[PDB]
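In case you want the letters, here they are:
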Amino acid sequence: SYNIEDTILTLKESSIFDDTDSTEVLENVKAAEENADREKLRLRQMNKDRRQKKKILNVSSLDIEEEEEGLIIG
Amino acid sequence: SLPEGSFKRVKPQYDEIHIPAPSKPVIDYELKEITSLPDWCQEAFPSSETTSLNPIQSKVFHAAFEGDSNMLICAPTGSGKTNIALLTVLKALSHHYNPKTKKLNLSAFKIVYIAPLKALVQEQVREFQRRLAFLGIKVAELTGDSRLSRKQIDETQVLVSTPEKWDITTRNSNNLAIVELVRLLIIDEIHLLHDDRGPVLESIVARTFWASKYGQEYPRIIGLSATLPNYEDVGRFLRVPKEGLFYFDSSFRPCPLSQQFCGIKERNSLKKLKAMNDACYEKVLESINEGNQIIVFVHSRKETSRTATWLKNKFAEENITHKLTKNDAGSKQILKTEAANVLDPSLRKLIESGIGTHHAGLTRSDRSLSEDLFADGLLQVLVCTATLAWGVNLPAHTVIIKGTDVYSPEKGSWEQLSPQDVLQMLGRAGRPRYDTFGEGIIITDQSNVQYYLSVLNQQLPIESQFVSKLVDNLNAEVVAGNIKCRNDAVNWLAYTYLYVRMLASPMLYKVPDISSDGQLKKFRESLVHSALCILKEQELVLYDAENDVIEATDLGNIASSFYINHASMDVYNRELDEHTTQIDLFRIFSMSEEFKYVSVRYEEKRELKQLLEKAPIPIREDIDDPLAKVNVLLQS
Amino acid sequence: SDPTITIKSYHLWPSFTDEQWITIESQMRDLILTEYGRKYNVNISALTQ
RNA sequence: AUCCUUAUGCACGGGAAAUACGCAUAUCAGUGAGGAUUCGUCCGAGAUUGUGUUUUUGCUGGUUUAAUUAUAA
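Protein chains in written order, with this note's numbering: chain A, 85 to 158; chain B, 329 to 964; chain C, 793 to 841.
Honestly, the hints are just simulated from the structure, not real lab data.
Ideal Cβ positions, reconstructed from N, Cα and C, are used throughout, including at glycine.
Heads up, a few of these hints could be off.
Short derived list, chain C residues pointing at chain B, Cβ under 8 Å [what the hints assert, rightly or not]:
1) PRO806
2) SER807
3) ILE836
Simulated restraints on C-beta separations [claimed, not checked]:
4) B:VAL734 <-> C:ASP810: 50 to 58 Å
5) A:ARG135 <-> B:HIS857: 49 to 57 Å
6) C:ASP810 <-> B:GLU921: 44 to 52 Å
7) A:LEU127 <-> B:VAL928: 17 to 25 Å
8) C:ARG830 <-> B:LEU904: 46 to 54 Å
9) A:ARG135 <-> B:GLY740: 52 to 60 Å
10) B:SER775 <-> A:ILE100: 46 to 54 Å
Use the sequences and the hints to build the structure in full.
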């Protein structure tokens, strides 16, 4: 009943027992792979930049933690 | 095609096809000598080595004095063009300058020479000074780093300008007296129309015909170009009388260009690159044993240094001594004097081996040095980016073009070498003054060879890119006040170079109208509509759809004056704000569209990193983003 | 594009010859390769097979 | 001229195996090797010895950013 957004919305992937009783979301098929491919792309170009240019990242606690950070009636 | 390929060699790494040198010209003509000239014109060729003009020149020259008409020369540009332009200049000078009375009439005639590049402008200017010194003429540069003011233009007679600055000078309303005074408008390299600067030339051309009707005396227009197809359509673009058109093929070239390809059969880049280096090495080995001075073009400037390193360790592995076996004492001397003194991109060692390189990103002094050393000949091999073919006249016997894919920020993708660039790279060749013929070579992937054969035959029209520059040119013209309506706009667009090209091939350039509107009235008017919508959105000009009235705004006037692109303009429009501050000003400056082609580099990155720490004006963006690099360079 | 190419009552996709498919598959690959990059700001040409 | 049988060579297509394929200035062997039998007989070409390689022979593929230049002074 919770939404994320002439458009169609489908159920997002969720584990049966891990989900159990929890709020369920409705996302667009193209939007899910859209966001995923944007983030993972941003990771790929940073992979090629890191390995090619041999730069060491600052990162650590707060950065990696913030990387861990990453209704309709019908 | 069959005559073009005579002979083909098959090699393990690559299949090389060797095109024979072009044919020598048939003589139906007399070689025109210097003593046939009048009294003052005999110093046009102060050093007369032949005392006879080249195969191209004589006929075009006497035709040029005979008619006063718009002319076009499609030629190898074998140094033949410089003298022809000089001679037409002297004619105009004589028309305003009496044969009996030797006082030169200074205030009557004015002359303009449109040379695309600043450097080539410089070179030209020294040439014109040398040849025109006897009349007592001031030949000075109007463009860019030239920095001529309001007065010196009035003082001067002969002008040598780049297209951009000449456009901006003639666009301005106050000078129009000077524009009227110019009788002689020379356009060098009219083949530039293919490239995106060419839009400026066609706009200048349109302004010359259409904009001055109140004085209405049309100046003499002389196009000078590399040989190109659709010459007739070019004339219909300009005026050209049929007789002024002179089409000369590469058979009239001073040094016949021996065309050569290596197709590369490999696919993956790690072996493919190695195969290319092997082929280049093989060609260099064939050349240097003959005493051949050689240039190797590449895509990128970073490629140059690593290529030269590869030639040093590989070439030296084969034989170290043969590159310099002669005057090794003086070679050591001059080499250490040049390399050790002014060079600091770790390029000294390459110079020291005697395989050098030249690229944008090499110091201005170091740059001049490399040119001179390669002229003397202590440099047997010269690795280069695309700067030299475009800029500098210095030919070298063997010319290798390594690779196909160039990265253009226009697309943001790797495209093929564009024909107009390939051709001008092939232009520099065996030296017309000294050597008999040139060796051209193209290191390339075999699949695209079929394409490069044709585009290398120069069968490709000068493509009209006016679609991008239309809007800005139209805005500037409205600022001039010449267009009050859509009909005026399309009449101006009739003298535009895209107009002709549309007429020739409507579906190629996406004319939907086709059979309808032979004059493409509605197509022209539709483009004007499209332009004036976006202009009005950018508050550049006033427009109404049904009533159709045009007027220029202040922002449009600013864009006209400082020649800002329309994209840059709307970027300024939104990004500038009431509350915008010192930090945001640099950011907007960086956002200016003229920096779209700028990008950060890995050899630049260390100095960038050192800068952005101690930079006084902070940067909201970061080292990877080109905008930040731009405004930190601005701070520096 | 071509209305002369008719989907029957039986089929889903329209009936072509082979070479018509050979071109259509290139046109379909073009949308994929252009929109993947355009969305992710990636150039088409630099891509490995 | 067509059609068919056997043997051999080259070969498109389809399988199976590599505890399998070979080598010997070496010993024998249709002038009888090696077996079988219902005890009358019957089958008829390898056997020994040494050795090479044998979860492997050759070859490949993937993955681990061009140049140029524009202001009003």
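Against the structure, the hints come out as follows:
no. : hint                              : verdict
1   : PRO806                            : violated (26 Å)
2   : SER807                            : violated (29 Å)
3   : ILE836                            : holds (6 Å)
4   : B:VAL734 <-> C:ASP810: 50 to 58 Å : violated (36 Å)
5   : A:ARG135 <-> B:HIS857: 49 to 57 Å : holds (51 Å)
6   : C:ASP810 <-> B:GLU921: 44 to 52 Å : holds (47 Å)
7   : A:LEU127 <-> B:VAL928: 17 to 25 Å : holds (20 Å)
8   : C:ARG830 <-> B:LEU904: 46 to 54 Å : violated (29 Å)
9   : A:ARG135 <-> B:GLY740: 52 to 60 Å : violated (22 Å)
10  : B:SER775 <-> A:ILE100: 46 to 54 Å : holds (52 Å)
Against the hints set out earlier in the document, violations occur for numbers 1, 2, 4, 8, 9.
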